[PDB]
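One chain comes next, on its own, written out as structure tokens in the form deposited in one PDB entry.
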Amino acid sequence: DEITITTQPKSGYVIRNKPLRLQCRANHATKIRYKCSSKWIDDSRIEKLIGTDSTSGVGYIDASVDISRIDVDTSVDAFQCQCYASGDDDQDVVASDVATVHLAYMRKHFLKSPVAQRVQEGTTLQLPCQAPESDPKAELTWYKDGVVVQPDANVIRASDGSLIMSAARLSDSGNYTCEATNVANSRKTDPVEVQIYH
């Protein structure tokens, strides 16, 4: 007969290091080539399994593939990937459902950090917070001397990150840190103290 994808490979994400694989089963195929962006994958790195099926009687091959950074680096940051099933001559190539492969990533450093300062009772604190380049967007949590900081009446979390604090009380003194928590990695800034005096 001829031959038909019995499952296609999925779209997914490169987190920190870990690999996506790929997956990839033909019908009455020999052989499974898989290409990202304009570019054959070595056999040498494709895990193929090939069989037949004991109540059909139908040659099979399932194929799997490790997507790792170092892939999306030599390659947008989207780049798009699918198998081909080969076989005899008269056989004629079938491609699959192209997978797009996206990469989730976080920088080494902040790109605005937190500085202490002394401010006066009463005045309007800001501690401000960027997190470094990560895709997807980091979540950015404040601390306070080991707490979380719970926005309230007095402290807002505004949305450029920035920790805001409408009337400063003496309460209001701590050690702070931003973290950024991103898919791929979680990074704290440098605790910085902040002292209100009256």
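Residue numbers count along the first chain shown, from 1. What changes on going to the form deposited in another entry:
- Splitting the chain into two rigid parts for the change between the two forms, with each C-alpha assigned to the part whose superposition fits it better, puts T74 and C129 in separate parts.
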Contents of the next structure:
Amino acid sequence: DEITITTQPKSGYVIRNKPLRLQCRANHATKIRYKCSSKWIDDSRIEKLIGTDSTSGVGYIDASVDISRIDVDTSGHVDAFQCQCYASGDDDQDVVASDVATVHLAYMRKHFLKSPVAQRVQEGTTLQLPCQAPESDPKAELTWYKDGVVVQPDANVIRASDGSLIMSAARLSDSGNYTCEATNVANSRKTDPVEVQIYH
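Can you swap the form deposited in one PDB entry for the form deposited in another entry?
Coming up is the bare chain, nothing alongside it.
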């Protein structure tokens, strides 16, 4: 009969030393191959699970491969590294190609594009503490910590869309050691603590 793809391979990230696993499943197919950016993935790397659907009697083949950082780096198309699945069978059936799955190397650099700095400032002063994550993929999420406690926005302190922390009228209770943390699936990094003194 006709070959169609049941599970489509999904884009995703290679994180640290953990390959990205693509899974691809096709009904009425006998062979699945993976081609990634003009190169063919060596068929010995493909882990196949073959059977017949008990309910409908329709055969299937479920193939998965681990795409590694070695693969992406040796491709020649690192910034457009993308993979596809090919379901063939009898001499009479048409090869059916899958969706394109893109594989990216997830990372987070070491240097914060914006980081706070120590301040000694008088009570009532509006103080703004900047923070912007290091260049990262996927995008990072910021959390702010005051002496180890996650800062909770209220009436005087607010988290601004640019990632900074704003205290409208600095209370004495706002003094402390502040740190910004950036997090994504690849790493989690904190600025060195800066000190904030509020006096009168």
